[PDB]
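Undergrad: As a plain string of letters, each chain reads:
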Amino acid sequence: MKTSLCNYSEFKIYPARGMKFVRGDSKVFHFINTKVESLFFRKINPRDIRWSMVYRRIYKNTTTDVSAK
Amino acid sequence: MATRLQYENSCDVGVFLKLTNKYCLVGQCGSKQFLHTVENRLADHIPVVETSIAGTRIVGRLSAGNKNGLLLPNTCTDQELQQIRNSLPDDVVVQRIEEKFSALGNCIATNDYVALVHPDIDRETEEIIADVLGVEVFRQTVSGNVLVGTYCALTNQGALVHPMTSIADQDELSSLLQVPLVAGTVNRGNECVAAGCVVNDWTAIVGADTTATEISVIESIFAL
Amino acid sequence: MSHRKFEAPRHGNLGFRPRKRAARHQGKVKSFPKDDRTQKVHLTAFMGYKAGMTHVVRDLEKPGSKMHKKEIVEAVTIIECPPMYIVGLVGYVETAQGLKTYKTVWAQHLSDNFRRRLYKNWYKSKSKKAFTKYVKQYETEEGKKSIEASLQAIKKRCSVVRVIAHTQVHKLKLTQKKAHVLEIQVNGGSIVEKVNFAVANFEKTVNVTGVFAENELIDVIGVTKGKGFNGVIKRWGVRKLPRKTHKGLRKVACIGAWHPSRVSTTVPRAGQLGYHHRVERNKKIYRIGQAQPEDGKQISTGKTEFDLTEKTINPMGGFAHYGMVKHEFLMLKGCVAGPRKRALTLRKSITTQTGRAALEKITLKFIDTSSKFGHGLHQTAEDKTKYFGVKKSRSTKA
Amino acid sequence: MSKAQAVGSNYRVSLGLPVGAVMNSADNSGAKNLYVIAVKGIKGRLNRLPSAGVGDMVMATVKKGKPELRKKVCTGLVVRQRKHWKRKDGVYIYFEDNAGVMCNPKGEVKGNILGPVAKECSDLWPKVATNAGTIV
Amino acid sequence: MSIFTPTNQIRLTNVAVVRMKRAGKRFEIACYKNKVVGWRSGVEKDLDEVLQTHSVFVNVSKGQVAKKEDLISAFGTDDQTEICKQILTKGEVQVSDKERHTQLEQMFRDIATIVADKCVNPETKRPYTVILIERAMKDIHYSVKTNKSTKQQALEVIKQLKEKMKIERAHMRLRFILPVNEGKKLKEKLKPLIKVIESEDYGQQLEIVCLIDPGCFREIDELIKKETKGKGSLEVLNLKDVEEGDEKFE
RNA sequence: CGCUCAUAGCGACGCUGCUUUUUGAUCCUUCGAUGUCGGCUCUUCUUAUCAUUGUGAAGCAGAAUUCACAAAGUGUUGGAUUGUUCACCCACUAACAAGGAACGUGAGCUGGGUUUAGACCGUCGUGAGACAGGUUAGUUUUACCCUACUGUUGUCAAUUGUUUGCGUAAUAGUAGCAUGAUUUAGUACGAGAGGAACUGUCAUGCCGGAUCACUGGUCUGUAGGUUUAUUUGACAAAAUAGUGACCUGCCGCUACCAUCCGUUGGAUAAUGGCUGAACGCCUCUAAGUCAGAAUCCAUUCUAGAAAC
RNA sequence: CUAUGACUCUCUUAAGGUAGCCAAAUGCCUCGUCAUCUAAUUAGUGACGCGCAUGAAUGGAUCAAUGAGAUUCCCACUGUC
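Chains as they are written, first to last, in our numbering: chain A, 1 to 69; chain B, 1 to 224; chain C, 1 to 398; chain D, 1 to 136; chain E, 1 to 250.
Hints should not be assumed to be uniformly reliable.
Unchecked claim - Okay, the calculated beta carbon distance ranges per label pair: (1) E:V236 / D:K72: 24 to 30 Å; (2) C:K386 / D:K86: 29 to 35 Å; (3) E:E235 / D:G44: 35 to 41 Å.
Said to hold, decoys possible - One-sided and incomplete, this derived list gives chain B residues near chain A with beta-carbon spacing under 8 Å: (4) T77; (5) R96; (6) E98; (7) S102; (8) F138.
Quick caveat, the hints were computed from the structure, so don't treat them as lab data.
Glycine included, each C-beta is placed from N, C-alpha and C at the ideal position.
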């Protein structure tokens with residue numbers, strides 16, 4: 001497959017990297033890093049985390065353009 | 001009419017081949033005899049794609065469709081999709097559906113005017129499906145089961161259900177779909193109707209173990 | 001203590017048994033490919049330098065698989081192959097007791113190729129310095145005749161000639177400027193034919209593109225990555241002994257029976273790990289290319305849009321300050337001997353193979369780049385991080 | 001037995017459930033657990049536990065369930081595992097829990113499968129694929 | 001403390017043991033497994049062969065020999081050979097290590113034999129496998145005995161399952177339709193195997209025979225005709241059942 | 001016996017051998033001391049070959065099985081019970097063959113047992129005590145010597161004048177083995193039930209040799225953050241808590257926990273044949289010759305000789 | 001009813017194992033048998049008990065609390081694997 005969005009943040013998951021995780025509720029998630037996996041496990045919202053692109057998206061820093069190149 | 005085929009000597013050929021009112025999807029995982037034989041019997045008119053969906057052997061019950069729309073899973077590859085698009089002439093909406101909480105084949109049985117579903121499926125997804133196929137989707141399930149595309153095999157003129165289905169349920173189904181039902185089961189080792197066969201209003205590809213008597217019944221129901 | 005085994009399926013292979021450090025750092029063996037191929041399309045070998053790895057997405061094209069045409073992520077080793085200078089020809093005649101070296105002809109046209117030849121190729125106490133010491137013709141005409149005679153000799157005699165070639169290491173980013181010299185045996189044609197071709201190539205260089213193709217298999221030879229004196233568990237792969245821990249642990253328990261009052265040449269034991277030759281055969285190759293500098297700006301890692309945006313195959317920050325590819329490289333499929341800046345010699349396959357994956361043409365899609373040092377694809381990555389800015393650093397901006 | 005798949009057998013999917021692995025029954029049957037006794041198609045080594053990735057046929061026993069099934073070695077299929085694995089795609093998938101299903105010796109699931117079924121498994125066993133809700 | 005060798009604590013011999021207890025003292029002797037039986041049957045083989053050792057034991061497992069003091073307190077004599085004979089004659093057989101194993105097997109054998117003689121499945125008269133029969137007999141529950149005869153026990157077993165299930169305790173009769181050319185060979189297999197009656201042989205017509213055999217033997221019969229002939233063979237019931245077998249009560 | 005039929009396969013009553021993987025027999029060595037049992041670990045060797053290779057018999061139609069030869073090249077498992085070898089079961093498997101090496105392997109381990117002293121019970125004994133009966137608790141010392149092996153320098157004290165380069169390659173080692181699926185094919189075969197094979201294709205088990213682009217582990221990078229107790233007056237920033245703890249974590253190292261790769265000629269055995277006598281015919285054999293094994297030897301791969 | 005042997009007789013040597021208990025730290029045979037616990041149990045437990053060679057202050061049976069005592073099982077945890 002081709003490039004995908006992270007489903008925790010809004011990072012570029014290129015097709016050679018990251019981790020896919022499938023829940024029992026039949027939902028799936030990419031994860032650019034283990035760092036974000038950990039966060040997910042914890043239940044720390046990405047709207048807290050300034051490293052995340054959803055934070056940047058919702059507090060306006062023009063991060064959506066670099067996520068579509 | 002009923003034609004006995006087997007995909008790598010497996011009697012469950014309904015999961016490796018999709019038959020619809022128009023168009024046909026065929027799986028490929030090194031099954032050379034099957035690919036050519038399905039071209040020799042459709043209607044010398046209905047084309048074939050010979051293309052995997054989600055890189056998987058299953059195709060017949062990973063996708064659902066009629067002639068006015070086609071449903072694909074969220075995990076389907078773009079390249080694969082392109083091929084499908086190419087192979088299906090412009091009279092149909094080839095839409096990759098955004099439903100990942102259930103499959104687009106085991107959980108959906110459909111014909112050209114009505115459809116069947118999970119009673120579980122999200123609302124938005126259902127709506128999308130309705131828009132695509134151009135048919136009345138309504139929430140109903142066969143007894144003892146929540147999957148319908150596993151245990152029901154619908155066409156326009158006829159339809160099947162699994163042999164444990166109660167009479168009342170069957171009646172209800174008939175009322176809803178406006179399609180004549182029958183409790184006969186292909187193979188007779190398998191409970192599923194969708195596993196052993198996919199069907200069409202003109203033709204029917206069926207499992208190898210399926211009995212001579214059994215095939216007659218199915219033929220009758222669809223009026224082949 | 002009844003017997004009672006049955007078995008212990010032998011740990012390690014004894015076809016590598018002496019398990020010591022390799023002498024030749026480049027890689028070398030008695031074996032080249034068999035003779036009488038085609039003259040100069042078969043120059044037989046070359047010498048690269050390994051410059052990291054990347055992954056690379058491509059379309060598979062085997063029949064009968066799960067999906068014939070589908071994207072797969074195969075790793076890929078990238079080796080710089082700066083053009084090799086030929087600088088000599090060696091006649092090399094068959095005899096009863098071997099193939100002794102007959103006569104050697106060196107190129108008198110350039111002396112600077114021997115001023116490339118610096119240290120490890122000349123030690124009269126040398127050290128990033130050539131004092132100028134090379135023995136050739138300084139007799140103008142008389143010497144010339146001698147050379148000619150020598151050449152004639154090596155044409156006459158039932159030989160298989162080889163050309164003394166060397167690499168351009170001064171061209172690379174590496175700190176050494178002492179040129180690695182390896183003979184590459186010339187195949188094809190008559191002996192005479194070979195010799196006259198060899199002579200021609202003296203003043204000139206040869207490229208990796210000339211020797212190897214982009215889809216053909218390569219045998220990569222080089223000394224393996226050094227792990228030093230290691231124990232029997234890492235070196236041979238025997239089971240750890242039991243217990244939370246008892247009076248050893250990382251040991252073969254028993255090293256032998258009584259009655260042979262000696263201990264076997266064949267029984268695992270802690271000496272050295274990992275600096276010995278070896279020759280990984282049948283490496284598919286994907287690209288033999290060169291990025292932005294020469295070979296077009298469009299085809300630097302594949303043309304823009306499909307085949308990905310245009311850029312060097314260098315990841316961001318190069319290859320982990322262990323290189324940065326700027327001369328013609330060679331994308332061998334996953335993993336070859338040695339670290340991230342070791343001189344690998346490359347040989348053509350001893351037998352030319354025509355099975356699956358030798359004749360299979362293959363076309364890349366994405367050669368991707370580092371996102372633990374960035375976010376991939378260079379400028380985009382830079383842009384993305386810029387927006388983020390910094391709260392955590394070693395500076396809170398109080 | 002059977003196996004009839006697919007056409008190779010995958011494209012291996014990593015050791016995850018050794019023997020003595022308890023996993024979820026994820027199937028409409030009496031079983032809640034499935035203790036893995038051994039895995040079909042395991043030629044040994046010498047102190048190496050047989051292991052089941054995904055789509056492995058697994059001789060198992062119901063540790064906890066209804067007593068009509070218990071105390072009885074029985075054939076099952078590992079349908080998803082918590083231990084991650086690399087696919088063709090490139091991506092590494094892993095699931096929320098270790099889980100199997102009940103089946104005939106030929107690989108015929110008679111119930112309908114609960115939870116995600118894992119694409120590899122679907123590719124392998126046709127019956128399993130049929131009875132899956134979610135293959136993703 | 002630590003020795004260079006074992007202390008040696010094994011006197012276990014694996015030959016058969018014949019036990020006789022008298023005067024509050026157990027006496028044993030080393031004989032062979034087959035020879036004791038022979039002796040008790042009345043077949044001579046001298047005392048040299050039947051006895052593996054000619055000295056009287058207290059315990060053959062422990063290897064404790066009986067003293068003259070003890071021997072004379074029980075039998076009224078201290079001569080060991082004579083005592084051995086007595087032990088052999090009036091004493092009962094005792095299981096050694098080997099014999100224990102045999103004992104385990106024995107029960108299995110008995111059940112296999114006694115149960116599989118006469119029965120058919122409920123509804124109609126057809127042959128069926130031994131495993132099923134065994135299961136049936138377990139359901140109703142039966143305990144085999146070496147003190148009773150096997151034949152006797154068969155009757156008992158069938159008694160239980162005549163009350164519970166529909167079974168066949170007697171013979172049945174078959175009718176085969178053989179060809180003239182290919183049937184001769186078949187006939188010669190069948191003739192010594194079971195009783196042939198109503199044998200009507202023709203040249204212009206097909207050969208007809210009728211048999212007398214138990215309910216489980218039909219399968220055996222039909223099968224051997226097909227592979228020997230190399231064609232299908234018509235099996236018909238002359239009677240569904242007939243008297244005698246275990247119905248006459250032997 | 002094997003419907004028939006001594007020897008397809010078995011084989012009475014007999015007889016002839018071999019082996020030292022049984023237990024005895026004996027007492028030759030060892031009692032100023034050869035550490036007993038089993039297990040784990042590891043290597044090598046044997047063939048009396050369980051599987052795999054090539055073959056030949058069969059009561060070999062097919063599938064399946066049994067019998068024999070060349071073959072020891074490669075494999076020969078996970079477990080419950082027991083100190084147990086042995087035993088018996090469950091499960092996998094192509095197969096789960098038998099064996100040796102001081103009953104291989106205690107300065108390799110363990111010490112479960114045997115096998116000291118404490119103690120309990122049973123039987124015996126007046127008793128002290130006995131038990132080759134059961135139970136429970138009970139120190140496992142020393143290599144730094146020599147050789148052997150693994151690797152490492154170094155002398156070839158002319159390395160053939162010195163230092164050095166590119167090579168050669170004697171000799172030694174040597175690795176890939178095996179499976180499933182599918183096409184073949186529901187074809188051959190068969191009355192049907194059932195049900196092949198050669199080649200091709202795709203995957204896998206075990207083994208081996210590498211590697212680290214990915215994923216996962218690791219974290220003294222004491223890299224950044226969090227936070228506990230204390231200390232520096234507070235803030236701040238530090239320290240101490242032998243790295244205070246926790247989260248994240250590159251570089252690196254590493255994992256069938258990830259990835260890549262693992263060749264082709266000749267000569268034979270078994271056997272099947274050829275031409276062909278001796279023996280007018282005959283005959284694979286005597287002269288001669290052909291095919292042919294997972295064999296062997298090279299190729300390849302590892303080392304590189306008081307060898308060039 | 002020949003099983004079982006109350007009963008009777010006699011002998012050794014005074015009487016002849018009562019209530020209980022048990023393959024028990026006491027049972028050779030023995031990996032006893034039956035049930036249960038396991039996929040599988042020479043283990044464990046509950047029953048049976050002509051008990052080689054249990055048994056009444058040589059104390060028998062029972063047993064709360066306690067046990068750096070012995071044994072078996074399951075849950076959790078776990079680089080034991």
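Undergrad: Evaluate each hint against the coordinates.
TA: Hints and how they fare:
Hint check: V236 (chain E) to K72 (chain D), Cβ distance near 42 Å, so the stated range 24 to 30 Å is violated. For the hinted restraint 29 to 35 Å between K386 (chain C) and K86 (chain D), the CB-CB distance of approximately 33 Å keeps it satisfied. At about 48 Å, the CB distance of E235 (chain E) to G44 (chain D) disagrees with the hint of 35 to 41 Å. Look at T77 (chain B): its Cβ gets to within about 5 Å of chain A, closer than 8 Å, so that hint holds up.
With a least beta-carbon distance of about 12 Å to chain A, the hint placing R96 (chain B) at the interface is violated under the 8 Å criterion. Among the interface hints, the one on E98 (chain B) is violated; its C-beta lies about 12 Å from the nearest C-beta in chain A, farther than the 8 Å criterion. Against a cut-off of 8 Å between C-beta atoms, the interface hint on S102 (chain B) holds, since the closest Cβ of chain A lies about 7 Å away. Among the interface hints, the one on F138 (chain B) is violated; its C-beta lies about 22 Å from the nearest C-beta in chain A, farther than the 8 Å criterion.
Going down the numbered hints, you'll see the structure goes against 1, 3, 5, 6, 8, while the others check out.
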